[PDB]
Amino acid sequence: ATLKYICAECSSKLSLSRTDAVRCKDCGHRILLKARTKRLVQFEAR
Amino acid sequence: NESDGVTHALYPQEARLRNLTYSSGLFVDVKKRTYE
Ligand SMILES: [Zn+2]
Numbered sequence: 001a002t003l004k005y006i007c008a009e010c011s012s013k014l015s016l017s018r019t020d021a022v023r024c025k026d027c028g029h030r031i032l033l034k035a036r037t038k039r040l041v042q043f044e045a046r
Numbered sequence: 001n002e003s004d005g006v007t008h009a010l011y012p013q014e015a016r017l018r019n020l021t022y023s024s025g026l027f028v029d030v031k032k033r034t035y036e
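In order, the protein sequences belong to chains A and B.
Following this note's numbering, the residues of the first sequence are numbered contiguously, the last one being 46.
Following this note's numbering, the residues of the second sequence are numbered contiguously, the last one being 36.
Be aware that a few hints might be false.
Unchecked claim - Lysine to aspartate or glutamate pairs mimicking EDC-like chemistry, simulated, CA-CA at most 20 Å apart:
id : chain 1 : residue 1 : chain 2 : residue 2
1  : A       : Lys34     : A       : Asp20
2  : A       : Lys38     : B       : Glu14
3  : A       : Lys34     : A       : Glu9
4  : A       : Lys25     : B       : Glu36
5  : A       : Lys34     : B       : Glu14
6  : A       : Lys4      : A       : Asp26
7  : A       : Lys25     : B       : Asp29
8  : A       : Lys4      : A       : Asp20
9  : A       : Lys25     : A       : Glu44
10 : A       : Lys13     : A       : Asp26
Simulated from the structure, these hints should not be mistaken for lab results.
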């Protein structure tokens, strides 16, 4: 059950937003990565 | 100097990413003594 964000540093699916902060859960690190769609993406191999 | 949770070792990888300023601080050793 889900993904939304990721911790640049301590590697660990977080998921949160607004009044929530912009930090973490078990590394106190202020940098976050958005995380891949599930819409599937296709490539021509050319 | 942080936004809240405050004052922290900075490595260069984060300063780049955070638009930070890879700085250190300066402390002097000051003296009051009296003369007018
Ligand atoms: Zn973290």
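Results of checking the hints against the structure:
1. A:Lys34 with A:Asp20: Roughly 16 Å separates the two Cα atoms, so the pair holds.
2. A:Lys38 with B:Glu14: At roughly 28 Å apart (the allowed maximum being 20 Å), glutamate 14 of chain B and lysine 38 of chain A break the hint.
3. A:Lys34 with A:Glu9: The hint holds at about 13 Å.
4. A:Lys25 with B:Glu36: violated, 58 Å
5. A:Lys34 with B:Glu14: holds, 17 Å
6. A:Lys4 with A:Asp26: holds, 17 Å
7. A:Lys25 with B:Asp29: Violated, at about 40 Å.
8. A:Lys4 with A:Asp20: It holds: about 14 Å lies between the C-alpha atoms, which stays within 20 Å.
9. A:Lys25 with A:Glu44: Distance ~39 Å between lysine 25 of chain A and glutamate 44 of chain A Cα, so the pair is violated.
10. A:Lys13 with A:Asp26: Distance of about 11 Å is within 20 Å: holds.
The structure is inconsistent with the numbered hints 2, 4, 7 and 9, although it conforms to all the rest.
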